[PDB]
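For this depiction, one protein chain was excluded, whereas all remaining protein chains were kept in their positions.
By letter and in written order, the chains are A, B, C, D and E; residue numbering begins at 1 in each of them.
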């Protein structure tokens, strides 16, 4: 009960701050959907290019799944940074 | 004219790929609006806490504007990574 | 009251998870002290090298305050990542 | 012998600078221990939640091992940035 | 045809800007070669240290392939940032 009071640096948040944080998280939800769509596109592209050594080598050299993972991580950590700017913890 | 053909590694893009890229960029637009809103909130919070040395010191110690900048950069570079996964350049 | 229940993706945490999170944050406190010490060292180094154009140019070219800021940000975001691994939010 | 004189940009370091660098590295050691502890916790959590499809899916969706790896990398690169601020190499 | 006009925020580029971008990309090519060389060195080091449990454990603990991957990603995203500074898109 009231676990946030037990975590160092966590202060009480107004409803306004909570709403802004939840807004960040909902925009992140939309980004989650978009990333899933891109991953599906990559599956389909690779599949359709099966037994096309040149196209398969092109895709493998571009490393699109690795770049999608990088982008996902950047989106999530940017979300976390914005939420930190809103919530403003009391600790380093 | 057709400048993309003059840049190393840039290949021709299908309309599908262009649409996915533009989708990433529009979601980024919404994030731009959200970040502007958070910055306005920070302006108002600081202003309202003028001549409240304790609250001013708290805000300054939390560094919310620096964290908002960090989050903005992360969102933008994640956008760039996702767009790279879609467009798949031909170069390192 | 119980603000964590109002934030999307935040689940109830056991006392064990809270303790691990607080541990991350206390180690971060020690890092805060170390970074303050390094910043003091940089102040003193610059001051002692006043009116020594060569040493001043060397320091300015090395950009140690910018690198200290980079390191601080990395430590803080790594702390945030570890705390996320512990708390395991329910959202993207 | 004296390999640091053979590496571009590496200058001679005072004992004070070496001590500060070693301090950064020892704090990093403590972080290494903490990360090992968190990884053990994750092993135990997953194991205890074996044959609990809902809890297993929750953990898998949270990706805590990936976030622990992200945090480890951030801690290490922040350490490297702080050590660079101390040692101040002579090269880009 | 003229796909860049269909992507949000992409403006027309002068030949000067295109040349600077291509310069960034060619320097990146040289970095690609250097990273391949380092990876070959790591293969050879590991191979030569086969059936030397101590050296194998040392290498595994240092995680040099993971650090090479980190460095590759940093080089590529720095390239992307510089190219963005040159091309200056019109969108967030």
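To be clear about the criterion, a residue touches a chain if its C-beta (ideal position, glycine included) is under 8 Å from a C-beta of that chain, and two chains touch if they have at least 3 such contacts.
Trainee: For the chain that's not shown, point to the residue among D:8, D:51 or D:53 touching it.
Mentor: Considering all chains, including the one not shown, the answer is D:8.
Trainee: Contacts of subunit D with the missing chain: which residues?
Mentor: Residue positions of subunit D that touch the missing chain: 1-4, 6-9, 12-13, 15, 18, 21-22, 25-26, 28-29, 31-32, 76-77, 79-81, 84, 91-92.
Trainee: Go through subunit E and note every residue touching the omitted chain.
Mentor: Its contact residues with the unshown chain are 16, 20, 23-24, 27, 30-31, 34-35, 37-38, 41-42, 58-59, 61-62, 64-65, 67-68, 70-86, 88-90.
The working rule: only the chains that are shown with their structure count from here on.
Trainee: Half is the threshold here, strictly exceeded: which of C-D, B-E or A-C has more than half of its contact pairs identical to A-B by residue number?
Mentor: When the contact pairs of A-B are compared with those in C-D, B-E or A-C, C-D matches.
Trainee: Farthest chain from subunit D, going by the mean of C-alpha atoms per chain?
Mentor: Computed centres place B farthest from subunit D.
Trainee: Where in subunit B do residues touch at least two different other chains?
Mentor: Touching at least two other chains: 31, 70, 76-77, 79-81, 84.
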